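Q: Each chain, letter by letter, is given below.
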Amino acid sequence: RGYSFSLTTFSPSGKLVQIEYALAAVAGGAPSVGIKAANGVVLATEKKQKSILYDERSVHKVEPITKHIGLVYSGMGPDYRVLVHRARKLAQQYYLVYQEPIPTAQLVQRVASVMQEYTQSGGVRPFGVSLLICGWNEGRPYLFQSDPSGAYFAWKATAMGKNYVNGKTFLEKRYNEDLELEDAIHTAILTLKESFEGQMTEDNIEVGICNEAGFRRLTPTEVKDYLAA
Amino acid sequence: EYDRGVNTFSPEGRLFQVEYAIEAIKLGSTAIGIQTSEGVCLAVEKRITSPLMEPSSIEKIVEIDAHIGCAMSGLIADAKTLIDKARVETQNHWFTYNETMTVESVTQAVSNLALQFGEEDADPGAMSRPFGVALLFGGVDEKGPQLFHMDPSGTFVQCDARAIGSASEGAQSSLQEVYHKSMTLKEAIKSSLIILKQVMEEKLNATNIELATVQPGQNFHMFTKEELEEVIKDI
Amino acid sequence: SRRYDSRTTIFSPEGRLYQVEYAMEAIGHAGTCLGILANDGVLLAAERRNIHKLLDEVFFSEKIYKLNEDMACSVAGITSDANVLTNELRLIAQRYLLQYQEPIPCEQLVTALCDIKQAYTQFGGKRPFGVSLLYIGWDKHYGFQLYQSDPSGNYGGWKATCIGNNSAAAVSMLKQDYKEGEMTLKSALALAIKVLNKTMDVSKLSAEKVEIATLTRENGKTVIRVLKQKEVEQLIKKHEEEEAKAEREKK
Amino acid sequence: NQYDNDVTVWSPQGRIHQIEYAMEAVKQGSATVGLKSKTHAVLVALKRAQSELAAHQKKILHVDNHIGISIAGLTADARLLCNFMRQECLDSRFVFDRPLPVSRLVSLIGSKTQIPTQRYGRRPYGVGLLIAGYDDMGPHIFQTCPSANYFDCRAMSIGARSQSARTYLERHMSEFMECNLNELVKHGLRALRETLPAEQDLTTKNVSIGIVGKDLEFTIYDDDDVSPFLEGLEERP
Amino acid sequence: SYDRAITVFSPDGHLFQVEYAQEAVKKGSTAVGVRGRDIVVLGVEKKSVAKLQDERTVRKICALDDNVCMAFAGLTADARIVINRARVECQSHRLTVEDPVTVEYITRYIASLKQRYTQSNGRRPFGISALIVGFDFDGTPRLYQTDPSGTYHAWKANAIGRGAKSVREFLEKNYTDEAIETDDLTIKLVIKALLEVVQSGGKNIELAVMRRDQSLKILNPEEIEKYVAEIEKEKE
Amino acid sequence: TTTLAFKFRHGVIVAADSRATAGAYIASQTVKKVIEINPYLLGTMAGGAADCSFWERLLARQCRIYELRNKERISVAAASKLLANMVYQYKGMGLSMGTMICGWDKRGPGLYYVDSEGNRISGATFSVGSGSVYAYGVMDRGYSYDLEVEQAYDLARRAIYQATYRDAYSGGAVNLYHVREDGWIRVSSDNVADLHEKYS
Amino acid sequence: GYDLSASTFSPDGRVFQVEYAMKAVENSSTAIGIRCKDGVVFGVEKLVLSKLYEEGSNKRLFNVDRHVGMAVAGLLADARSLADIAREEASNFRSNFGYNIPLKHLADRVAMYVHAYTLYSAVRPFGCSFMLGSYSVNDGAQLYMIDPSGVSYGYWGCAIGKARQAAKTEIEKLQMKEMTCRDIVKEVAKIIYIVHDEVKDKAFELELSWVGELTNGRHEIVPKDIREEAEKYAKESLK
Amino acid sequence: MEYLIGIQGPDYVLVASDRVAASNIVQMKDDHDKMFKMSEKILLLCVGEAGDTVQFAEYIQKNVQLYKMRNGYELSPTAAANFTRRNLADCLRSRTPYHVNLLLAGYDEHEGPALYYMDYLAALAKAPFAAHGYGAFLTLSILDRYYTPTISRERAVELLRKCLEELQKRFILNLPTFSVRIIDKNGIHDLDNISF
Amino acid sequence: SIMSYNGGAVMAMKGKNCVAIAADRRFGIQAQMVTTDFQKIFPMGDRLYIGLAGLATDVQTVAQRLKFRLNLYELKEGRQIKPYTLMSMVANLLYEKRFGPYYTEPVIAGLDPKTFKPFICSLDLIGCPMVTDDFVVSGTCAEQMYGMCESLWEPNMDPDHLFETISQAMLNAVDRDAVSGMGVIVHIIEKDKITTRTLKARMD
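Chains as they are written, first to last, in the authors' numbering: chain O, 3 to 231; chain R, 7 to 241; chain P, 2 to 252; chain S, 4 to 240; chain Q, 2 to 237; chain Y, 1 to 200; chain T, 6 to 244; chain X, 1 to 196; chain W, 1 to 204.
Just so you know, these hints were derived from the structure itself, not from any lab.
Ideal Cβ positions, reconstructed from N, Cα and C, are used throughout, including at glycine.
Heads up, some of the hints might be wrong.
Claimed, not checked - Partner residues are not named here, just some residues of chain Y that face chain X (Cβ under 7 Å, in silico):
#1 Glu-117
#2 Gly-118
#3 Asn-119
#4 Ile-121
#5 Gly-123
#6 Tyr-153
One chain only, chain O, in its complex shape:
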């Protein structure tokens, strides 16, 4: 059967405390960062593992929703995974209907609608993730952040997770609109270095880029070459 009463309700102040607690859960997550270059957009996040025993190659934080859209998160991995599954399904429904790839804004709207659904629906907690969605459409780059609340915002560049305020200040200092994708990758990796709290390496981070070709996650060798400087 399942419960049919909303678990999130307005407090006397006028705040959805479950949503704000989910935002706190997001902030406790691993850092993630996004930067929008003129010719592309880069998604990067730290992939620190509990031990060497973990196989980094086994699972990927940065995942492709479509050929030209991929997204990254900070927060709860399981909620992130159900969201990426539903996002892939939504994009494919769009493609079956219209036979063009789903625009980045529209996919962000649909997944945000899902996140709102779980806010208000009965017997479900909010999602414990904020997603960063990157896309290239109509010869233009896009970066989007979707919160647990179900509200999407468009960013030239942004950060999530631990120390996201410090990262956002660093990006505001270090960002120029004319950045090419390579320099933008270097800037995002520097931001992750700001709060990584460890020896960065190809294994312990992920980077993903979107361009006219499409979304792809940099290989370990590629991110090693980028990390060299």
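We have chain O already, so just place chains R, P, S, Q, Y, T, X and W on it with the hints.
A: What follows is chains R, P, S, Q, Y, T, X and W alone, placed relative to chain O:
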């Protein structure tokens, strides 16, 4: 508080909601009914709140069928649904079996609705709470004149004479004092109005009471204001 | 289970729903939005509460939400619930167009959405919609119209009104300034800028911290437009110049 | 305090308090006595009147020609269970053209009663029934509780002050097995009268008898018809 | 679905949710209805004049059908819901029976709806009370009241909402065959009745009337001002 | 079958034969085709007897429920519409039903003809049945609104008689009913044999 | 308030409702089932609450299919419901797959049905632990016990109820694997008699059943002659 | 088949219909009225299969009057036409198709007189003049010959009489009397039945 | 056939940075003309026009459903639809009712919003799309229109030549079909303007 559900027995074996509803009927206006060999009478006090309220509209006695009428006390809005079922049930009996439905069967039908209340796992359309009324059903059948009392608990009992509502206890004591098996319908009407005059806070008038009788020969009949005035002046 | 139920729907002992009221308090915090009716048009103006530098600006507007050919709406409250409500509004209007092959009446659309918003209060054990949104439109029957709704589901028609932060002070200023039947869209825009300067904490209306939109009837077709940054900057400069001229009158 | 309000909650002591409360419900009811012999099965009840004017609330009901029940507790739930039982016996005669076995019927009652005790937003049937019937095997007497457990009895009583009735029945159980119908019903009437207050005594008004046998379909003998059976019944000091 | 008992009995046998909804009705704007021989009047107290409101949208006196009208107190959204449901019932009844709906029938429908919500699972009571006025087929004037509980009664005159008890006492004192005789006298009576409860007076009331074989007519603001000035004349 | 009904100044007359047939075989010659729906309005049977009986009995119970709820007897128009809406649900499922719902109300004497096809119509004169075609002519020649009660009885009786004479599947006895403002009265039941003695 | 639902955990990760349901079966009288080479034998210390109740009342040795039998402890109502579930499972298996259900599969399926209820708040855990026993020439003798939690394991000998532990101590010293059913029934009777407490429990009726080669693969109640011989031996051994 | 006719004009629309109802070979009723007043300033003329006509018409009637009640203004004729077209087309593929042929006439303050045509397949077409039934075949050509878009209402009544006279002369079925109604800005105005 | 019940014809043609779509005006029943002003071509965009022929009820219904879906799409996306996107949406709409088909055969003709590249296509009853570089036709007089368009079509026609070609083709084709005719309306779509004309035709 909502600490406990609708369907929970007390430590003493009583459903809390049923007990509270049986308490609720005590808030309602008084009614009296008497069973005689020549018929049964049904009498109520209107309890007019204010002068401007038109006294005709208060209908605490109703016609389930030609041969059955009933009176109610408690949350009359709840009684509306029960009398609706009583009407459709007696007419369904007529449609199917081509005969009048006995008062015991009609009271069994309406009583079956009570105690079918449930929070969940019940239906899309279902009763959340018990009904808040007690109904006195009166009619003449092949068995003869009969009177039945249906409580919120859904227990229906045949009674020679009964009083339901706020002053039911004193009315019942007076009814035990007055009643005898050989009573005539006119004497029963007079006695019932006497007891209603005792219990009623306001002085008895043609307006502030309603009386009806169903007899073996005739259908359920509501005494008009002229009849009430004649009887009351006789009193 | 009853133990975990929040019981949003129940009345209070005093007779208040209290979830609707708590959500109204939420709307009170949100970005200010005003609408002013005029003889030749109607406008929507609102604070762009999100004004971080890195934020990109790619949209019709953050909170102007064209709903139909002949109407638009501005929002104050929880943005996700706002998105849901605006999608429902568009579906309602297009369903009306499918059935009747005519554009939906403004009041009719407002009543439909408000019926939904009420229904969340009445039953279902769901939280109310924490949104109040201004509607602007033109219809053949009544002409230019401005409507407001609340989480309760109550709606009204206002010649001018405000919602969000300091809406009380905004309406207080609007009442004295507004001239019934004598306003044109230009004067309404100036009044909007004055009210926005009064309500908004920012000492200067940056012209990046406001989104202003206008609805007008031109050649038998409604045109819904968002004023560009140059135009709204010109408005803010003109208002500052007028304030200076009044300052000259002060001395 | 916390555990009692719901049926699903198990108490720390290994008990569900709600079913115990429902059993207290049947304990607070007009007494009944169910009894059988080699060739007959009888049911006797103290039909209890709320007032002198009121009638005494049909304690004994017809399920089928070969099965009948005596109700104690909530009469509405009792009537619901009776409707279920009647439908099961009707379906048995429709489908298989035979009387439903009484043991099988009480098994079905057990399942139906058990389903509420294990789920939320549902309560036990606050009734205890004494089921009496004649089958191919012979006379049977069964007792059912608000807890779905049911018992097969040589004789039994339920309701208010029924421990004294069980005492008399346990003392006199040997005589009941080899007995004529009149002697058996008289034994049951004495057992029932034990529960009744000393001030009150059995009368035609307040007693109802239900009998089923090999040739006798289940029959309820009313106030007029109990007079042959209570013709004796000497005294009750 | 959300199946829960919002309304349940309490010790002493009171439905607290229904009582609280009646409290919510008490807070609402006053309404007054006065039955009359060839007229039936309805009046309602403007809670306040924002000076920016469009008078059309905020009206509380609504036509359920051509022959019947209603006014309400309590939650306006709930009032709108019951009004629409009553309107569709009016049309369906006309469809099925080929006759206009009687005031008793539509009152019973609204009452049954409210009562269903008082007993159904997962639904709060409708937080409104309504004065339903209409003319029967015979032309007999009809006035009924409905409550959140679902009880319905006919009143020669009644009030609902804030100040209802006081104004009800007033029109209990002042109701008479003389006032009912003239339609202008009925309108002046209800205007006085409202004038006690509303402090501002004048344009702070909304009044409407229905006549035999006429549609609902809402008096003009200047017209009610003329009536109010007539009351000032009567005092002197 | 042949059934006949018309309205005149002193109310409505209803007439019908008493023959029921299965193919050629005359199963019954004494069926009461006029159905007493209630004390105040009454109906007729044509087409399927089972269909007419069942649906008109359902109408009877609905009418009684309406009377109990609204404390006023249902109008003939409203009852006709209830029957029509009831049968329209089962349109195309083989219902063959022909009915003339006859009664009084605030309007006056009321006559409505309802059909399985769905037609509901009010008229001064109606006839539904196999012999309705023969009955119509004699009824039309005789009928006038200003007609004595005895004259209307004679017209209806002879109309059903001639229809029985011509049509094979209509016969038996001519039952006749007269609706008056108090209610219906069963005025006569003449066998067509003694009517053949009388008229010829 | 962590013990008011089975959709909850203790802070130390325990579902207390299930443990309380296990207290329920611990309250009820002991039942023992002892596997052997030929088959399985069940025994129950069925207490007689009242002299009035007939022999065979509150039967605690159900038959869930021709080839399998149940023995139960705890709430007999819950036990009856579980027996109905097991009977339906065996019937459905025969219908679909065309042969008598294996005991391991039946135990697993009824165990999963039990486990379904520990998860959710709406339903409470079963108040019955029960043993399943069956014999087949292809499968051999098999005895399984299913607890209220839903754990299912295979036991050479098992006990459920008040004197589970003491009954297990007695059952350990039996050499079950060599023994045959005809001796094992006598051993079952002596163990039941020794574990029975005369003071706390007024009286009991030894209820016995077996399945095995001697029965040719049917669960059946012990013939009265053999049960009487076993009871006489038990009273003799009790001393 | 029943006859419906409509003739639009500069400031009016004229509508007429036969007044018969028939069972097999007999006209049961001579005063049957096939015009339905969906509001003050629209009429819906309805012909088709038995039962479907009245049922569908009354559904459209209740919905239009409900629109008036809830909104405070009446549907326009075009909107009413599209609404009934929607309801008819929706049921075309359902289990319960309405075999009903409609002619909808109305006036609007903004858009002036309007006459609309619908077939049982629910195809909607505005027309200067239109007809339904077998008689439409006979009478449309006369309308084609003598109609002008600037016809006065008296001339329109005369043209209607011409068409009905042609039906009397040639159409095999007996349509003795015809209702006539005209919709204009004032409202629906009943006119004396053209009769023979 | 069912499609022949109401008749009708639609044609679209592709030129150089220009598109032309034309259709007949007759609305009739199996042989009775009812009106000569049926709208079979509906504007689905600033420069995207759909033309439907078949059963008239399905023509109107599919047009209205498409406008519903498209208005939602344009409001949500914020951008005018692309022609291929409209084609795919129409195919989905038709194939949703694969059983109990809409008896209409769309022809979609328009210029791309940004590139202003001419696009024409046609779809069958159950939504098999068919993009084509020269012309597409649907209706009762399809064979006549096909032969005439095959002969008269030239690549890279200017707007005037496109108008003349499609006009002659529609006239000559519908004149040889009984259930189509009663005038022709043609819409020429260019980047800077849409021009609509009605052609002199044989009313027969």
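Q: Against each hint, give a clear statement of whether it holds in the structure.
A: Hints versus structure:
1. With its C-beta approaching chain X no nearer than about 4 Å, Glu-117/Y sits inside the 7 Å limit, and its interface hint holds.
2. Annotation: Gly-118/Y was flagged as interfacial toward chain X, and the flag holds, the nearest CB pair being 2 Å apart, inside 7 Å.
3. Nearest Cβ of chain X to the Cβ of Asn-119/Y: about 5 Å, under the 7 Å cut. The hint holds.
4. Contact between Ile-121/Y and chain X, as hinted, is supported at the beta carbon level, the nearest pair being about 5 Å apart and thus within 7 Å.
5. Because the closest C-beta pair between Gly-123/Y and chain X is about 5 Å apart, less than 7 Å, the hint holds.
6. A distance limit of 7 Å between C-beta atoms decides the matter here; for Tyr-153/Y the minimum to chain X is near 23 Å, and the interface restraint is violated.
Violated hints amount to a single one, hint 6; each of the other numbered hints is respected by the structure.
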